[PDB]
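Take a look at this one chain, the form deposited without the named molecule, written out in structure tokens.
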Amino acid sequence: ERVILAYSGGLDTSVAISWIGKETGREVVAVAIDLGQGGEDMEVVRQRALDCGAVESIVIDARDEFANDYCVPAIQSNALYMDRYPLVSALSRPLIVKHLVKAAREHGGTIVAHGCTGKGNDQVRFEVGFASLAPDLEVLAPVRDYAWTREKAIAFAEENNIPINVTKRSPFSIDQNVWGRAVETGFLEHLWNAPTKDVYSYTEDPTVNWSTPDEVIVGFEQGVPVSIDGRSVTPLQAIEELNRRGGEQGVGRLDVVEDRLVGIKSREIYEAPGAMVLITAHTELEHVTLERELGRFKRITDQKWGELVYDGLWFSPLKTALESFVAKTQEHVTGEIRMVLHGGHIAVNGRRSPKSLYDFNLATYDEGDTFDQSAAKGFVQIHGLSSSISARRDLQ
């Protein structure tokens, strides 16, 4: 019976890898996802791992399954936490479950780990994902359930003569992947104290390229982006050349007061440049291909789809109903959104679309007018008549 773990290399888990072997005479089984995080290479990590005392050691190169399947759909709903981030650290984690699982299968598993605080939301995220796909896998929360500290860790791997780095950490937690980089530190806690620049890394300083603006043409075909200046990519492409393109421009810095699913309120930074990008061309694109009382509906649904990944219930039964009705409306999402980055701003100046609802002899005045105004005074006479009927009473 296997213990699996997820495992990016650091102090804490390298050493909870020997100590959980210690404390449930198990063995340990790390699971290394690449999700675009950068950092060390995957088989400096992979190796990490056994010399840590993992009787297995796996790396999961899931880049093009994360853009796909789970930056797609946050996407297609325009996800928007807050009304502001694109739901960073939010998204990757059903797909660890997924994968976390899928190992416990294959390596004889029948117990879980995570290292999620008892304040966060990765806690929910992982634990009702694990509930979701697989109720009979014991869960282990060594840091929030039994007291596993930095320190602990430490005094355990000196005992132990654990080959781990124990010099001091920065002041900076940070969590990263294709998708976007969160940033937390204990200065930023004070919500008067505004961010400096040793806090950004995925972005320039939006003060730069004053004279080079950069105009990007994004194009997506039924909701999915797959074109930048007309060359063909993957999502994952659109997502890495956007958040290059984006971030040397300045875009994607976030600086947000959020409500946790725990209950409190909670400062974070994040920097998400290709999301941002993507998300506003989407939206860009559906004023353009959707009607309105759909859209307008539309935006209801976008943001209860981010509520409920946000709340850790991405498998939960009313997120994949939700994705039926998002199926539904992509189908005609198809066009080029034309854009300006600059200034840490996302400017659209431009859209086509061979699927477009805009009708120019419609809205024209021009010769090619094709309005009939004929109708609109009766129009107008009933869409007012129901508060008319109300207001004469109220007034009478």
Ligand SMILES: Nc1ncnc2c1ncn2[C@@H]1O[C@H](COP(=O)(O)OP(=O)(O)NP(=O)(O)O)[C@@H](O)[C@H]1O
Given for the second form:
Number of protein chains: 4
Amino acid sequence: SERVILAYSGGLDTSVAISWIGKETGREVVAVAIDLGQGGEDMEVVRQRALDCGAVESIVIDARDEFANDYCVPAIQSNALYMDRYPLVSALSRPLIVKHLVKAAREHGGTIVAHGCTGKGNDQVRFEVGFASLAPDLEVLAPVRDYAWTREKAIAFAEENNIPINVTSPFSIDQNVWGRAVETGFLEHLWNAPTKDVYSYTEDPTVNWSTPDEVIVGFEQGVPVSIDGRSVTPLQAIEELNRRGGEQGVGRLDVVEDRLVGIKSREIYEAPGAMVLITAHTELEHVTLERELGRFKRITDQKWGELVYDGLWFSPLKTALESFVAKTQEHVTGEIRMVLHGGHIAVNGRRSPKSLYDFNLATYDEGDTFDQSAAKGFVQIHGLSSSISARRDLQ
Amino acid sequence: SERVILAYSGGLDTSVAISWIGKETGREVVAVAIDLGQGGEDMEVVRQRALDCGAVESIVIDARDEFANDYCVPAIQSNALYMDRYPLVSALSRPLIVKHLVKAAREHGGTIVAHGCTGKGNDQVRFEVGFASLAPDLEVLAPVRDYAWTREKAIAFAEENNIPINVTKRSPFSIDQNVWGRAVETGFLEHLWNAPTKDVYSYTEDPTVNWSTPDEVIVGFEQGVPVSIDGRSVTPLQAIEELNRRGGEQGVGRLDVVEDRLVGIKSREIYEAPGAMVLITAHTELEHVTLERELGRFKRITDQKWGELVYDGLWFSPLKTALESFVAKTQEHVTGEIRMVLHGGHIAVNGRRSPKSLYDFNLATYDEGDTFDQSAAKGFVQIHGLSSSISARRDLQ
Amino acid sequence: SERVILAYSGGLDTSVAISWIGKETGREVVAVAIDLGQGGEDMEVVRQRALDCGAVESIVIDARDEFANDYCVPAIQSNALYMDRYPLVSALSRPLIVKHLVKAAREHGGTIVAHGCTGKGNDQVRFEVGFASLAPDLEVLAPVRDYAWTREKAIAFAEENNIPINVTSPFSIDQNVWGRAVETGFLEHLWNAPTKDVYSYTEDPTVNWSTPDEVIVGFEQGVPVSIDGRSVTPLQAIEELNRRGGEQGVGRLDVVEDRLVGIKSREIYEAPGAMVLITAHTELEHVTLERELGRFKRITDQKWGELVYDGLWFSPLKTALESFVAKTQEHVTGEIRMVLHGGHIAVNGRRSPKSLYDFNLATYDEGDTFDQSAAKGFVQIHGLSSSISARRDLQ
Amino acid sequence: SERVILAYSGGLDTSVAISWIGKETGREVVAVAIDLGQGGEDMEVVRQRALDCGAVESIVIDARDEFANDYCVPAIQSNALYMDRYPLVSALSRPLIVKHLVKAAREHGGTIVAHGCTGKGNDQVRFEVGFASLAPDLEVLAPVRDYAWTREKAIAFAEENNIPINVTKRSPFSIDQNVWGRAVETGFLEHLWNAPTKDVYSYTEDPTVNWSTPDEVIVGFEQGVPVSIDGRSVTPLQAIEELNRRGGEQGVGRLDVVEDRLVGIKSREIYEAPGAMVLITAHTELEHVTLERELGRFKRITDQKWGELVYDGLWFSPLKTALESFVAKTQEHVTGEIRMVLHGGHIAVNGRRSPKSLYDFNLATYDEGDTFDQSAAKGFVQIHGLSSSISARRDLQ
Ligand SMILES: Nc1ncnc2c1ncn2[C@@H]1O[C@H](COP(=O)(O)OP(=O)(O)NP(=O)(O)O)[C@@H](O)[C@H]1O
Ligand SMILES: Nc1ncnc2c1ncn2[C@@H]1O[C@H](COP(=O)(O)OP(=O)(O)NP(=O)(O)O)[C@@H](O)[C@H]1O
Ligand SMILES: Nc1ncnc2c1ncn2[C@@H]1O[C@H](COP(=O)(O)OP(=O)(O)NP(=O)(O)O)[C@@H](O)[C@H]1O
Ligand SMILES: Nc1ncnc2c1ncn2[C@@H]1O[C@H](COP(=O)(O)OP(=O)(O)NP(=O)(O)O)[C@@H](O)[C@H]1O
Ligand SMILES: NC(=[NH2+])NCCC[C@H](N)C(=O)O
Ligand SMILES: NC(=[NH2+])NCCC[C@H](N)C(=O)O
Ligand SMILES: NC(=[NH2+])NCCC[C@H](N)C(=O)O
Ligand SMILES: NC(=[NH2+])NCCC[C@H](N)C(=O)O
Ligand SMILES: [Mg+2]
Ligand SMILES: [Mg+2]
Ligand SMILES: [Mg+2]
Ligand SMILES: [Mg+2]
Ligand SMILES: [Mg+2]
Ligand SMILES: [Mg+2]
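Moving on from the form deposited without the named molecule, kindly provide the form deposited with the named molecule bound as a structure.
Time for the whole complex; same chain goes first.
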């Protein structure tokens, strides 16, 4: 029916965009809001807002389990830490939102999709490269980037058209079950430290002095499946570790990162459950993956994180890396014990039915099975090519 | 006089090895003890012990500053973390010991060098590849690996040959320590479900002890070298020692790692490296402010490779040497200060400043001073996504 | 029955080894000879020789198709060129020989396997790492390396025990359907050029002046499946291109390579079919694989070739790379036209039903669909981070 | 005087662009023509044409040696082959043109630089990223991409404004050539099942022509720089030109490539680069003789990355610059001679010699002089294979 399908968050800009897009294009607007565990307002209140702001149809998709299962678990399996710091909090959800917006377009006669991203962020890239890969036939509208859009203009438009919207905190927040990101003007200066007011997912790391939390996280083929012996879904694992890590101030990040669009920016993140899961998963790989496979997998972990940050979730390199990763995870099964305390994650135990750790090869005790007679010859040949090079250097 | 040059630590085993090597080879032994900040017994007491055990010469080399400057600083510049966990505590010192043992051989007429490493560790590799690179003419003697030299054989030899040595009780800990960090291996910790207890720690206090007084510290670098702490100029050795103290008081740098040995097996070790972890963390944060994006992405690859080379006994290899040329160029503008809070066993960055910053407030900000030209973005996104879009179209066709 | 299973090539050393191993160990010997297309003597003549030299059982395994399908085709799919020169001629067959020797051990009550490799080559590594991965319970005997073995000693042993064996050319040859390797004393000097006598698989590149051979090689999901429109099996593809490439002197290689055991050595190879197949497969990937996937796949191609050279065919990194490769090959389907002439392979045509080449995006003709309005903005942001770095450098 | 500095090739389009830019901007134009060995019209004829078309100044820079020394030699040292096919013919010259255009701007009071690249090629990127790095104060004008400047608009403008220019017939070939190689694009070859015909070639003869007389050539390097041919000393430019001639006579360096443009599309191009391919082939062979194994493995990674950076318009990027520091160290011992036969369009190596060789005859040989200690091999194999053996055991358990 030649609709515009709007990725709808419930905020001022996308709410005004509904009738603004209607006027600019002459088309009806279907609002699509995704529950990723962002909390705050009930999703029905968001759904209703889009209707009151002129959407012909307004839908909520509960994608929390899908987000955990199909986006967060892959990030865990590639130990994804952008800059070796950031578990891709905002980046991971964008391809999922894209997927559902395309699906909604097929269902509701949409020929255009729209998003409210700005022109100096990464999110525009993640949305628009995604749309171009999944549905190039759809026109993509970026009203906030491409149409001389300002808050004042949006508010003036809302006033002129009696749009029922709240137009009344200096924090720019993005949160979901995987983590929370905070931008504020004060923190754009790199010598300014964050204050307690920036935080929500986590308690101050000083709170629980005599009550550390020791937790055991179990994985089966790279997927988190248990906490302290209790079976859990991936969403439940993330939520429980968000709570337990958050109570210990774990996962507070303060990062200067390279945006794909050419600039550095400073951001604050809270990602307690994510950091516990990625740390544990890494420790389990050290127990279950052979040396040279592990060395190379640190390269593919890094590449994967870059691809997803760079808006290339749907790229063929990312997809092929997933086939590599799936094979590596076959035996990544076992339990990792960590103490959560003081904002810190401290591993102190591992066990695995797929362990490559061999006590008898490692021990000096009576059970020692390592044949040391091999070592002299190994060292001689291991060192030979660089020895020959050194001789030449010195000649 | 065709001497044996012994890498001498002062321990019972290598002490009795001096006398034993003398009888078994008929050669004179020169003991060389290197001060790397291992503490323990005074070096002169160590030096004398070798003499009393039959060494014809016994020397001590104070290499603490050389170690910090020429080994620890390179590790900082490559953010060296083996397994992404371990800043190479025991690995770093080995090439420096090799260098000095070779120098001692040339000066004291040595034709044989000896070490006390075992046959299932990495240190044998680091020593012997080093010797093969720096001085292939020297024969290498490894009594522990190749001639079954044990504590028992040593205690027995010293009693049978009336060697004036005091036999110390056996420790449950296998410990290697220097100014850069401390490594602990115990039988109990060979079981991966056993957690360490407080008795394995020495360099660091439990995080709970000084919990009430978090320590905010500023570390300054110039061209990738640590040069100041809280505004005070320091040498690299002083930087390491001060941050060992301050991080140690906060329980920072406690590591518990299952690592891949080059000799094909996994093993579990405890490390304490408070100063090293503060320096490497701060250095990494400073590179995020001062190195361009794609240079940074590739340097994480070379950082990893460098750590592997040094772990694998390849400090002197031509790839390691060539990576150092790459690293030196990258460090030219790695100058600035990083502010961190040490608390709870954790290092928390909360500030950066740099006269070489690539951060541009006006390009990043949303305030009135915003200079970012957003008109470029639509086109950038179209072309950045185009090759994968074409691939997707083919996939779906 | 506590047998030794010998990897049996039919030569002097392994023939004498049969009764020598029998005396040294007191065990019966099962000889296992693999047909990899090495030609020369009929395989039955080889089988019979082992019996006459004292083997209790002697078997021939015809593994030519298996070698092509399961070892050569993976090498094609990773464009495997060691040193960017050598398509792993001798390296590829070793894991296959290992596989069949282990199988024979299970069938014939073998507790020991034996091979005739020397101590300064790569082949000992490929055999023994393979045995250690597939069957660590088997003792591995290396009589030629570990038992003070010399040709004179072997001949003296044969004389003393009346072993019926030929004990009478200075070439050290290893050949199979994938290629031919030649070692000779004269060529151990790097300023010595090879003479015509070193060659067998290929004609001199000067022969066919006015009769070049244009060939079309077709692939389906990375597997060679046609030549000049004719369907072929992978073995048939290799054999036909060996012939056609060989007639044009294609695939003559002269390489200084790094052995895993620490030394450089000089070797001559003939690999006409292999080089045609790998060249064509590479050209087809340039047509069918997206840019950044191709850039990364050149890294995995190199790593794969190193792993196989280094005796790590069965390693978990190699196996995981195969999962990566399998995904990349999904659309590597199409035909590559090349001229074979003068020792050279010259591509001059491609076609593919899975092509990523878009004529209309590339052309300047009337059909041009490239939107150039995007380019200014792309260049501005692509260049921004290094521009900012340059500004800092210059300040 | 707020001049426009025009990267001037001498072609019809940019010639009329001079006059057109003058009227459209009211600014004076300075034309800068760079001699990179493109041949064709005499540079002074080119220089004069710009003046006749209204340029206030017209200069010619002979950059042939600078190009060989500072751009082609780095490409040789990184064995630069884009797609593992293309030695960057057109990509290499762009940063050198940028440098000279910036220098000309400073000298002649230019505030604007202009180029004639299109919006779907790589050259726009190489020019504009270059300008943004070297001289961000300069405005960049791109008439072809941004102001619809075409041949037709040029032929029309020159007739309407009485411009004293001779209008040459359109070529079916889009050609870019310099001393390093030649690139040809034709409509016919935009179809991937069309083979090139003899008329697309110029730098090289058909391989059949001189088939009866194969050319054996020795190329010598010193620290990775080509310095001799058949014993005769040469400059890098002389090396390139001589091997262009000798390889060209044998049909060497004919390339036909489907490549990935940075702007997201594939395209098909023909190249002729006889001298470049001989030099890069020889340089690679020499590294196999003079660089240690693991250094060589990693350098194939940096070789690939360097070629990508330069293709992608990132010659001036800090990763490229840092890789150059890595490369310089690797080249220290890349000294020696490589003997090849040029014939049949093919380059066939058949000899190497080097005073810095890592080849050791006695370690390799099976003759009586054999020095390889085989007793080390069994142990090496046991430990080399151990981690994958343990993994296999777990897999099978
Ligand atoms: N949960 C969601 N469901 C649907 N669309 C979403 C969701 N989250 C984000 N988006 C889309 O992503 C765009 C960018 O997200 P964001 O950076 O959160 O901007 P916003 O929500 O529009 N403004 P703000 O109130 O500042 O967060 C939004 O404009 C929406 O179009
Ligand atoms: N500071 C040093 N100066 C000289 N040689 C050293 C030094 N530290 C270690 N070595 C050498 O390295 C070998 C292995 O180190 P280590 O594992 O510390 O052995 P050890 O000291 O002999 N045994 P232990 O008493 O248990 O520490 C020693 O046997 C010495 O040969
Ligand atoms: N086709 C095969 N079937 C079985 N075993 C084989 C085969 N090819 C090689 N081998 C084994 O691989 C070992 C090394 O191969 P090679 O280098 O060919 O040595 P050889 O054949 O024993 N001596 P030579 O006559 O010089 O080739 C041989 O000794 C055999 O044990
Ligand atoms: N030798 C040179 N000296 C100066 N500027 C150059 C030179 N070669 C190329 N350029 C610049 O690079 C741009 C693109 O190169 P090219 O593709 O050769 O364009 P053209 O020469 O204008 N068109 P054509 O006549 O078809 O070759 C040219 O328009 C000039 O601006
Ligand atoms: N505060 C925010 N809204 N941040 C959104 C982006 C977060 C992070 N910089 C990313 O690119 O993924
Ligand atoms: N406890 C010890 N002595 N450890 C020494 C070795 C430490 C560490 N595993 C290394 O290889 O460098
Ligand atoms: N002439 C030979 N037998 N060569 C066998 C080995 C060939 C090659 N150097 C490899 O390691 O694979
Ligand atoms: N025919 C041409 N003018 N080609 C110029 C570009 C050549 C090559 N594709 C490059 O990007 O460097
Ligand atoms: Mg929002
Ligand atoms: Mg990493
Ligand atoms: Mg010690
Ligand atoms: Mg043979
Ligand atoms: Mg390669
Ligand atoms: Mg031109």
